[PDB]
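Participant: Chain by chain, the residues run as shown.
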Amino acid sequence: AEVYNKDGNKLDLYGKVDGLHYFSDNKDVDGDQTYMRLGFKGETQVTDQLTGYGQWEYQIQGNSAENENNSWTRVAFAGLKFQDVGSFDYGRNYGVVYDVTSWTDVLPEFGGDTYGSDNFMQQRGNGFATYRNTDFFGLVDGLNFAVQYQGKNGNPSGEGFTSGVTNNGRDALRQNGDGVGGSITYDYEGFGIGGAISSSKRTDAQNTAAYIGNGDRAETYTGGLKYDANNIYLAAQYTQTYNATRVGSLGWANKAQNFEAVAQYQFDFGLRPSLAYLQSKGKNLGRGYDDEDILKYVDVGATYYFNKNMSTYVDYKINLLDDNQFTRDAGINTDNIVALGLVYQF
Amino acid sequence: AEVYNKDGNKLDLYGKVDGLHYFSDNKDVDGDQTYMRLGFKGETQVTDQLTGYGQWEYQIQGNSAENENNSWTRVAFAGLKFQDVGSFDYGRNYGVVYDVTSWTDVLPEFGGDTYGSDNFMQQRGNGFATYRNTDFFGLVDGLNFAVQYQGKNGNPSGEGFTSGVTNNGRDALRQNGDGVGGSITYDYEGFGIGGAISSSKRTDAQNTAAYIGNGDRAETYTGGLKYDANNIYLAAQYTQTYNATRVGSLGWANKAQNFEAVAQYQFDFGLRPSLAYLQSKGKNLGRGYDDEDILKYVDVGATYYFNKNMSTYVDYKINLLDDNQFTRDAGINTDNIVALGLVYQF
Amino acid sequence: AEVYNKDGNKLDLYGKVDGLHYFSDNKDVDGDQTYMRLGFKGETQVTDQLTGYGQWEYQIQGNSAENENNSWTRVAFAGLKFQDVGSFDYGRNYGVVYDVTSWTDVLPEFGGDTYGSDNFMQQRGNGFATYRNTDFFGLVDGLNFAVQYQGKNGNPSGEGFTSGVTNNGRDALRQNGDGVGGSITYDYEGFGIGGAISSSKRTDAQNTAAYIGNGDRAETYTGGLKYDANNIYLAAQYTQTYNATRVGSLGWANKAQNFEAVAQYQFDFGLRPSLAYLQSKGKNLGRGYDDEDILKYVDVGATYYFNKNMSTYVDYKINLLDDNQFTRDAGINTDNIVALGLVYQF
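Residue numbers (the deposited numbering), protein chains in the order written: chain A, 1 to 346; chain C, 1 to 346; chain B, 1 to 346.
Listed next, the stretches of chain B that the computed footprint assigns to chain C, with coverage defined by at least 3 CB atoms under 8 Å from CB atoms of chain C:
1. 41-47
2. 54-60
3. 81-95
4. 116-128
5. 161-173
It is worth saying that the hints were derived from the structure and are not from the lab. Note that the Cβ used here is the ideal one computed from N, Cα and C, for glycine as well.
Start from the sequences and build out the full structure, keeping to the hints where you can.
Facilitator: Next up, the structure:
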């Protein structure tokens with residue numbers, strides 16, 4: 001919670017430590033996943049109508065030995081917020097789509113893995129500019145909508161590259177060009193209807209013949225429904241991506257028609273049994289397959305909260321993906337996983 | 001100290017900065033050792049009988065240049081604590097043995113180097129599960145005992161390995177298998193008697209012919225005495241490890257019979273002169289030596305506290321190890337060291 | 001600001017998040033420069049005349065992807081401060097010269113780039129020992145002067161080196177030997193006159209034939225003037241370095257006669273228009289050039305503060321360096337840059 005509050009500025013340092021264990025026949029994930037997150041969320045009141053804010057979060061891994069450090073900045077964004085107008089921020093922030101897919105991201109640890117960090121515009125990414133209007137400037141409540149842009153993160157500097165070079169370059173699986181997107185959402189009577197659209201130009205370092213799924217731009221459409229009332233949570237979402245969904249290490253997919261569903265219930269003592277189904281179907285991707293789903297699994301779990309600071313979760317990912325050549329080339333999991341976690345948070 | 005305390009939860013952010021300098025003829029340690037530690041120790045009261053807690057500490061090095069970062073998570077563990085029953089935690093935590101050897105870890109900077117981080121079960125390590133009972137459920141005070149388990153941390157993923165692979169793999173000198181251990185301690189009238197036992201299965205990546213000291217399991221026994229009264233501190237400890245004591249880079253030792261002693265005195269203004277002797281004898285290790293001690297030195301030092309936040313220490317490690325072929329192969333220090341430190345802590 | 005204050009010790013955790021964007025034809029800097037800084041500045045009152053303090057700052061980069069972490073410790077120093085005597089600190093701290101050149105370091109993001117971190121003695125560096133006397137032990141106010149020493153940071157350990165090895169070695173462009181320096185400054189009636197002198201022995205790893213500018217020691221002289229009154233800021237500074245000014249990657253320069261000037265004005269609402277000119281002339285360096293300036297540019301910018309926590313700056317670096325062979329060998333920028341930043345700070 002808030003730790004400093006005086007002279008027109010408040011600042012809370014938040015975070016968590018998660019002692020986590022993965023049990024899987026797939027020895028690439030089996031083991032210990034203990035980690036932590038630490039960050040701050042500061043906000044100042046410039047005037048009775050203008051606000052400023054800065055948030056930052058840093059995830060560190062606690063399962064590595066003493067002689068290596070695994071950690072990364074999840075979010076680091078600064079902006080302003082003018083009342084009944086909206087808020088504008090810049091930095092490394094969440095994607096336009098994430099929010100609606102965040103409706104199906106209420107799992108203990110798994111779930112919402114039809115995308116990853118440093119994807120096109122569908123999760124955490126750098127170079128973001130987001131304008132989020134709340135209540136349509138007061139016409140009606142729970143009618144928010146956002147417009148967002150992102151700049152290019154091309155090839156790294158110093159690696160002999162001569163085209164598509166940016167000071168913060170990276171591997172081609174995580175690069176991107178100039179992209180724009182929007183989102184619209186209405187949440188009333190508990191019922192929530194959300195929609196997102198995004199497009200992003202692709203770089204030449206990604207248009208190579210090694211990575212599959214060549215295309216000019218990446219275009220994502222998402223439509224989702226949600227229901228959160230009387231200790232019940234239901235959510236469904238359907239996304240269609242064109243040249244915008246990763247396929248292991250082989251690159252991306254031409255199309256991807258994934259339909260996610262999740263249902264949870266909150267009991268009067270702190271038990272939350274969750275059931276979430278995910279299927280992401282790759283279609284007309286190429287290389288001889290020309291049709292094969294990227295992901296298919298169910299997740300049955302239970303989270304037990306003792307308060308708003310201490311909790312523990314059990315999770316069971318039943319993977320319904322048989323081992324074939326496409327999976328073995330892409331490196332996509334096919335085994336059932338168990339996740340036992342103990343989370344402290346402040 | 002505590003910085004946030006309200007709504008049934010308290011959280012203290014603690015740490016220190018240490019401006020340290022090493023003076024040694026061994027140019028591998030001679031130079032600047034300035035560093036810092038930062039972390040949090042949060043605790044919430046679930047019920048009048050059930051507690052939750054989470055601690056985390058991160059050590060960063062301040063003697064490196066601007067273009068590299070040296071740091072690592074020392075401890076990151078979360079658990080619960082039920083009164084007159086005990087506490088159970090998980091994550092990266094301290095070993096079963098450490099506590100009793102912690103009796104001989106009261107030196108300024110040196111001392112307690114018969115083990116290192118990511119050893120078998122004798123210091124900080126990942127994948128820990130520890131149940132510590134206090135006062136034998138109330139029968140008698142100062143009679144605590146702990147039972148602890150640790151899982152395997154095998155070979156890294158993505159390095160072509162096909163056996164003993166875990167998601168948090170590392171080098172073979174720091175791997176381990178499934179291990180279990182216990183400890184029992186009685187501290188009354190200042191007199192403290194402690195004992196620890198630990199065993200750990202070894203992985204096949206460690207059973208190679210390159211690293212010496214092949215064996216099925218690693219077995220450590222420790223017995224120690226302590227005395228802390230009327231501004232006096234005495235401590236002695238004897239450990240015997242089988243296939244569990246590192247020998248530089250060549251692997252481990254078959255046996256190791258180390259006997260540590262330490263004596264310090266606290267004066268009425270803040271002076272603490274410390275004298276600590278360490279000898280760790282490797283026996284029947286192989287490769288032609290078949291008998292040679294791993295470590296032998298004395299440490300004379302003085303710590304001056306100005307308060308509970310600011311202190312400065314002088315330390316003099318007289319190394320009684322002559323330079324032979326075994327040391328030069330293992331990379332074990334043989335020179336006398338001086339350590340001048342200025343420590344601020346909060 | 002201060003977050004913990006009780007029992008004779010105070011501690012403030014400070015920092016900032018900066019959403020920054022660089023626009024440049026030089027694709028090595030063009031892109032996103034969003035970053036953050038986090039640290040603590042603790043201080044305890046030992047006696048009514050003796051103080052202890054410890055500061056630490058850590059800069060992390062937020063423009064990198066999820067699978068790499070760019071960060072570094074900027075300052076980490078601990079010391080004591082006896083009233084009307086002075087303060088002594090050790091660790092990674094700022095250089096003797098920086099302060100006077102800090103008079104021309106009042107730019108939004110650019111400026112003060114005639115040196116870099118891990119230079120000889122003119123900015124942040126490790127192994128520092130600084131004694132700063134304030135008011136000449138009370139004879140006259142605003143007459144402070146400092147004496148500072150630094151030890152060697154030679155070659156890294158484990159890289160087959162046999163001479164000039166330190167436990168915290170680095171690349172030869174950032175090494176150094178035993179150096180000493182002093183500084184004297186008088187600030188009265190707003191008028192400030194500052195002067196600094198520094199000398200540093202050079203290591204053999206830097207005396208190679210690959211890096212240009214061979215010489216026994218590095219010697220820097222600096223003289224500067226400042227004026228800060230009635231919402232006006234003027235500053236000028238002249239440095240002459242011998243074997244102490246970096247030249248891209250080719251090593252250093254034999255001489256460097258740089259003359260920096262800056263002028264800013266603070267308006268009654270928060271606008272600060274800044275104009276800063278920098279020229280650093282390399283002379284008699286060798287390799288066939290024998291005369292060529294290291295840097296030459298102007299910077300026109302404007303910073304707008306909304307409070308002491310939220311601000312935003314625009315900056316325009318007009319580079320007056322034409323592209324020749326020397327620049328292309330050294331890797332020195334030649335293009336005009338634009339910098340748009342949004343800074344939140346606590």
